[PDB]
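Please work from the sequences and hints to get the whole structure.
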Amino acid sequence: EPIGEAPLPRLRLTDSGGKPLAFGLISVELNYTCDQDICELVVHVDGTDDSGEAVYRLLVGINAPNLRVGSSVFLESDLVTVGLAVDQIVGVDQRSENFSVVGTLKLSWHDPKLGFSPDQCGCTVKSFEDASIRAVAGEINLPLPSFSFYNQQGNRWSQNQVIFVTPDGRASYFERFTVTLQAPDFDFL
Amino acid sequence: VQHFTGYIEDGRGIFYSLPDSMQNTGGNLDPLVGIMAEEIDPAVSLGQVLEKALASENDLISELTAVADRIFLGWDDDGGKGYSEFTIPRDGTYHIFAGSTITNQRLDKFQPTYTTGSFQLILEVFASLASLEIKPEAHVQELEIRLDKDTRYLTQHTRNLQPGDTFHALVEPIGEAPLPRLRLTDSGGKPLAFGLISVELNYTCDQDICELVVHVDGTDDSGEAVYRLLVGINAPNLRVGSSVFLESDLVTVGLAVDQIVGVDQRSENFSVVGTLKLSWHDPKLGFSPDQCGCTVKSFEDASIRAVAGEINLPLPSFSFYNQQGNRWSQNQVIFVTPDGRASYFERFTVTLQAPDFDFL
Numbered sequence: 004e005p006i007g008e009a010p011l012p013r014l015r016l017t018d019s020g021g022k023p024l025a026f027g028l029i030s031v032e033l034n035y036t037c038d039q040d041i042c043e044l045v046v047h048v049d050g051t052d053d054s055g056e057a058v059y060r061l062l063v064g065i066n067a068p069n070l071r072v073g074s075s076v077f078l079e080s081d082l083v084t085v086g087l088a089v090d091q092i093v094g095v096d097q098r099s100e101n102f103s104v105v106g107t108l109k110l111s112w113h114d115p116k117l118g119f120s121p122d123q124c125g126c127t128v129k130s131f132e133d134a135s136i137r138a139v140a141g142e143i144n145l146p147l148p149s150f151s152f153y154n155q156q157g158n159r160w161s162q163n164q165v166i167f168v169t170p171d172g173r174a175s176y177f178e179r180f181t182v183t184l185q186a187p188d189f190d191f192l
Numbered sequence: 022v023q024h025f026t027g028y029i030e031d032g033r034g035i036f037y038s039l040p041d042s043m044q045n046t047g048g049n050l051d052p053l054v055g056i057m058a059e060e061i062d063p064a065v066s067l068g069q070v071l072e073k074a075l076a077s078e079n080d081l082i083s084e085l086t087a088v089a090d091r092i093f094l095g096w097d098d099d100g101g102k103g104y105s106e107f108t109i110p111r112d113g114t115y116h117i118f119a120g121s122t123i124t125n126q127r128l129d130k131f132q133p134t135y136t137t138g139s140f141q142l143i144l145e146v147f148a149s150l151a152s153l154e155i156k157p158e159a160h161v162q163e164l165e166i167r168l169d170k171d172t173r174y175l176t177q178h179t180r181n182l183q184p185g186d187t188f189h190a191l192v193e194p195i196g197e198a199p200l201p202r203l204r205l206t207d208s209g210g211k212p213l214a215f216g217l218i219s220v221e222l223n224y225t226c227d228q229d230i231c232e233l234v235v236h237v238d239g240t241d242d243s244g245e246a247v248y249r250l251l252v253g254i255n256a257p258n259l260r261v262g263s264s265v266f267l268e269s270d271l272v273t274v275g276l277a278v279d280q281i282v283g284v285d286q287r288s289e290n291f292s293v294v295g296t297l298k299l300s301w302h303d304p305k306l307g308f309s310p311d312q313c314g315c316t317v318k319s320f321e322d323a324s325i326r327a328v329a330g331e332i333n334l335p336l337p338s339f340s341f342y343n344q345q346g347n348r349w350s351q352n353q354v355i356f357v358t359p360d361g362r363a364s365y366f367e368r369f370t371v372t373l374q375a376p377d378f379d380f381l
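Chain order of the listed sequences is B and U.
Sequential numbering of the first sequence, starting at 4, is according to my numbering.
Sequential numbering of the second sequence, starting at 22, is according to my numbering.
Quick caveat, the hints were computed from the structure, so don't treat them as lab data.
Be careful, since some hints might not be right.
[Claimed, not checked] Pairwise CB distance ranges (calculated):
#, chain 1, residue 1, chain 2, residue 2, range
1, B, 107, U, 321, 21 to 29 Å
2, B, 161, U, 103, 47 to 55 Å
3, U, 158, B, 8, 50 to 58 Å
4, U, 321, B, 133, 16 to 24 Å
[What the hints assert, rightly or not] A few chain U residues facing chain B, derived, Cβ under 10 Å:
#, residue
5, 51
6, 76
7, 77
8, 101
9, 124
10, 125
11, 279
12, 283
13, 310
14, 315
15, 322
16, 349
17, 351
18, 359
[Said to hold, decoys possible] In silico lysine-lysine, DSSO-like type, Cα no more than 30 Å apart, as pairs:
#, chain 1, residue 1, chain 2, residue 2
19, U, 73, U, 130
20, B, 22, U, 73
21, B, 116, B, 22
22, B, 22, U, 305
23, U, 211, U, 170
24, U, 102, U, 130
25, B, 109, B, 129
26, U, 318, U, 130
27, B, 116, U, 102
28, U, 211, U, 305
29, B, 22, U, 102
30, B, 116, B, 129
31, B, 22, U, 318
32, U, 130, U, 305
33, U, 102, U, 318
34, U, 318, U, 305
35, B, 116, U, 318
36, U, 130, B, 22
37, U, 305, U, 73
38, U, 298, U, 318
39, U, 298, U, 130
Positions of the beta carbon are idealized from the N, C-alpha and C atoms, including for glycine.
Right under this line is the structure:
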């Protein structure tokens with residue numbers, strides 16, 4: 004329901020494949036019960052049909068006819084911690100406008116889908132060495148936080164690449180790089 | 022049993038009436054089954070629901086069920102693995118109907134549209150095709166050609182025919198008639214029919230797969246062409262309908278230049294940095310969201326040529342004409358939608374030979 008300046012918003016409830024499943028009823032409310040073995044929902048909020056801000060509060064629940072803490076119902080994106088350190092500046096090209104840098108990059112995130120059991124390995128940490136995040140993700144068929152350098156020119160020399168995962172599900176990445184980056188914003192006037 | 026197998030267009034109907042389980046083989050099709058007796062014209066009412074879409078008003082689901090109640094006495098949809106018997110009140114001839122449903126397959130917005138694809142119906146002597154649709158329905162197309170002298174020989178390709186389908190072609194010059202010669206051969210070049218002197222010819226094929234190629238020869242000095250070629254299927258009259266000749270895909274292309282890295286004045290080449298984008302529509306690339314639970318497919322860090330070999334489908338491969346050496350490609354990706362729309366994106370750093378430099 005809107006807070007102020009109500010524009011009569013339109014809401015929809017479709018399947019994961021876009022097939023509609025339920026429609027709103029005029030404080031727009033709607034209900035739906037699914038009986039299939041696997042049942043995934045997507046909530047659509049449309050405002051295409053000049054307005055001042057949004058001022059909206061959306062309430063959803065499962066098996067909660069009353070409504071109006073509990074547990075989270077919507078999917079939440081993973082949170083990634085990132086750090087970068089610069090060790091050297093190899094050179095600067097003043098004609099092609101690019102520079103070379105040497106440094107260290109570290110990533111870390113938590114994902115319960117990567118967990119395992121120590122019984123089947125007799126080990127605490129898993130190892131994937133000399134492989135990028137993209138290559139490892141294809142091997143284990145799991146989504147991973149692939150990254151790239153935006154203004155990279157040519158290939159880069161990567162050293163000490165490694166990923167380690169713990170039984171809880173915490174993973175991290177480490178790499179030492181030597182890269183050349185294009186910088187067209189140089190001004191030598 | 023022997024079941025059945027067929028193809029479904031944007032809007033059509035296949036019936037399997039018997040005088041005495043549906044699956045999606047591949048494509049965008051959303052199977053639907055009808056068991057209404059005394060078939061007259063079900064497709065008329067379905068278009069009304071699609072026209073002036075009132076899904077955003079109250080609901081499209083309720084309207085579809087209401088209209089299907091009038092048309093059909095019993096029916097069910099088809100989603101995933103059998104997600105969605107009649108009543109046999111007395112004797113008679115059964116009726117089986119199809120023609121997809123009204124559904125949405127995108128998350129950015131809400132566009133209800135029909136679906137097309139191929140299906141494998143799984144509904145002893147029980148296999149028989151009995152369609153009430155108009156068999157003599159014609160696909161007549163007219164176009165103008167130009168031979169002159171730049172291209173003496175012209176050929177056109179015809180879509181697949183049917184054993185019960187006949188082909189008729191007609192052509193005649195406008196002025197300065199040179200008595201043109203026309204031929205009709207197979208896809209492999211084997212002749213099938215010959216012209217008869219306003220050259221006309223007819224041919225009927227009965228094989229399971231029947232593909233035709235139309236040959237127009239002008240080799241045997243003339244002023245222009247001034248020709249009008251008329252062809253049709255199951256149209257003995259001749260003299261809009263649907264297209265009969267194959268049409269090439271249309272590709273939209275854009276290029277943007279971001280920087281000029283350098284210029285070599287001795288070898289005459291320059292280096293550039295930019296962005297390239299391509300997009301085209303191809304129904305053969307469509308899929309069904311049920312088998313993936315997703316809207317877009319992904320092919321990352323692979324060129325168009327590499328992806329085409331993987332999926333065994335023709336794709337618009339391209340190249341830089343004057344490229345020297347290798348080029349640094351970044352952010353290569355292709356994404357396809359269930360409808361069939363695909364696009365390409367890439368950031369490049371290339372060196373191109375320019376022998377037209379003049380530093381005088």
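- Per-residue hint verdict: residue 283 (chain U), partner chain B, C-beta under 10 Å: holds, 6 Å
- Query: Per the hint of 21 to 29 Å, is the separation of the Cβ atoms of residue 107 (chain B) and residue 321 (chain U) within bounds?
  - Reply: Given a distance of about 26 Å, which is inside 21 to 29 Å, the answer is holds.
- Query: Holds or violated: are the alpha carbons of residue 116 (chain B) and residue 22 (chain B) at most 30 Å from each other?
  - Reply: holds, 28 Å
- Task: With a cut-off of 30 Å on the C-alpha distance, tell me whether residue 130 (chain U) and residue 305 (chain U) pass.
- Result: Holds: residue 130 (chain U) and residue 305 (chain U) sit about 23 Å apart, inside 30 Å.
- Message: Let's test the interface hint: is any C-beta of chain B closer than 10 Å to that of residue 359 (chain U)?
- Response: holds, 8 Å
- Close enough to count: is the Cβ of residue 349 (chain U) nearer than 10 Å to one in chain B? holds, 6 Å
- Message: Hint check: residue 22 (chain B) vs residue 73 (chain U), CA-CA at most 30 Å. Holds or violated?
- Response: holds, 19 Å
- If you draw a straight line from the CA of residue 130 (chain U) to the CA of residue 22 (chain B), is it 30 Å or shorter? Between residue 130 (chain U) and residue 22 (chain B) the Cα gap is close to 12 Å, so the pair holds against 30 Å.
- Item | Given hint residue 318 (chain U) paired with residue 116 (chain B) - CA-CA distance at most 30 Å | The hint holds at about 23 Å.
- Straight-line alpha-carbon gap residue 211 (chain U) to residue 170 (chain U), limit 30 Å: With a Cα-Cα distance of about 26 Å, the restraint between residue 211 (chain U) and residue 170 (chain U) holds, given a limit of 30 Å.
- Take the C-beta atom of residue 158 (chain U) and the C-beta atom of residue 8 (chain B), compute their distance, and say whether it sits inside 50 to 58 Å. holds, 55 Å
- Regarding the hint that residue 315 (chain U) lies at the interface with chain B, is the smallest CB-CB distance below 10 Å? Since chain B brings a Cβ to about 8 Å from residue 315 (chain U), closer than 10 Å, the hint holds.
The structure shown violates none of the earlier numbered hints.
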